[PDB]
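Here the complex is missing a single protein chain, while all its other protein chains stay put.
Every chain is named by a letter (A and B) in the order it is written, and numbering of its residues begins at 1.
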Amino acid sequence: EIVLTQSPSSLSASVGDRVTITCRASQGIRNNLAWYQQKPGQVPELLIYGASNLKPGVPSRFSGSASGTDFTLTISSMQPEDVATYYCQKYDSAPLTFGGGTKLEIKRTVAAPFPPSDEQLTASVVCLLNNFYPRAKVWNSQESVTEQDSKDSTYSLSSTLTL
Amino acid sequence: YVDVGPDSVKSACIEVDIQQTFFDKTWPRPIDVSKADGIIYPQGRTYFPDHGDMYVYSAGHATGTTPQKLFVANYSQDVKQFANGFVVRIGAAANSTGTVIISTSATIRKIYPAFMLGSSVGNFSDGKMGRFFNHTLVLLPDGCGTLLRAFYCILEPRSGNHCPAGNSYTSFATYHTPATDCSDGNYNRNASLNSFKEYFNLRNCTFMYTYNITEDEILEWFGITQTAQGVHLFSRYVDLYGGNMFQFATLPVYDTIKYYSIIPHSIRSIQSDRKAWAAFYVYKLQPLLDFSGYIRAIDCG
Partner (left out) sequence: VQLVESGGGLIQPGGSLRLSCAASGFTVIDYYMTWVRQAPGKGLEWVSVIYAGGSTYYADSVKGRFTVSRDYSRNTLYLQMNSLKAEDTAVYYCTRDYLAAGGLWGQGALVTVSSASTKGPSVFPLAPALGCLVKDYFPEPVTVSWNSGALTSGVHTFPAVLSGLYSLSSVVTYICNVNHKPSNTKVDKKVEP
């Protein structure tokens, strides 16, 4: 059975780079491979149909490439806006198998950056720190290391300890 | 190269079911010479074929609410030869009782023919015949039987599901729906064109001509010839009930025509909307007259 292996699963980009992703398959799918873009927090959207053709909605910068065995989704230039998760799909036959979505990022340097409420006095203690990149260890708790924000320039962390 | 519009945005051709046992219907009707049937009037002055071939168009499968997959026959696998030509008979057994092909019976209605004429024929990648190479001349009815388009272009098969260059392909067909494509006043003239573009991509179109036809229920005859000057179309405007062909258009086709193909048709209708349709006949124009003026012919042999 045809398996769709999308690599890399995590993509690190800079201020200057051209996105290049591959999608290995174990059999022949004609050219019925679709590349989707999903901005996190929203429903995905279609980028390229046929692995080389462009959607009228999307611009011409995100230019596809040929498909010998692997399928390359090139992009002319890297911009702060293009941070999403890119997915494969094979609409060639009945099993329309997906894969993994590749998060993009924008380059930036290395930077550094709550008593419990009286009604519950349970007791929860939280700590705050913000505006750092990359994705820092910080005072029984459930640490919530939040994903770097959609800008990828900055984000914040917050974790709670319950007494 | 003319502009014909965009192409289909669908990523998968509609499923088609092919059957022959339910489509092999015996309706024997020979041709009588002394009937003024398929007799081309001489051109430039005022003063010829037999059971023939039969082609049936049937509505697709359906349920109580939503229509199911299409239903065609193997009228595309078989490929015939143009030779001198052929004579076209349409609207034969209308105004009578006929089955819905798919016990149930209804009144028989009229249908119009679509043709694909070319010189080089092979077969698809799967191994099924019916592929035309190089330039091909396509005559397509449009507007629910109130228009005729005729274009000259190359056809590129598509690689989607059920499409000629894809997976699980049975045949390519034309379809239209009566609820949306056909309406009073608001008729759609690009329905069958979109159904054709669903399967094939039209490239390098030299010409595209349109002719307007009035709705009727009249038994009709048609023909097409090729000479040194070009392709002559032999129909309606001059004679309507006598069945005598006359010229109305010359098409710049200079390559030799050697093969022709018929394109099956279907209508997306539910069980309650099933209407029987008329068989469409084509007779070979083997090279082999009483006047009234119009002719009203005896075989020498």
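Operating definition for what follows: contacts are C-beta pairs under 8 Å (C-beta built on N, C-alpha and C of every residue); 3 or more make two chains touch, one makes a residue touch a chain.
Among B:69, B:109, B:236 or B:296, only B:69 touches the chain left out of the display. Although one chain is not drawn, its touching partners on chain B can still be listed: residues 9-12, 14-15, 61, 63, 65-70, 161, 177, 180, 268.
Touch with the hidden chain on the side of chain A covers residues 34, 36, 38, 43-46, 49-50, 53, 55, 87, 89, 91, 94-101, 114-115, 117-120, 124, 126, 128, 130, 142, 144, 146, 149, 155-156, 158, 160.
In this text, only the chains that are shown with their structure count from here on.
Contact residues of chain A toward chain B in the complex are 30-32, 49, 91-93. Contacts from chain B toward chain A in the complex involve residues 11-12, 159-161, 165-168.
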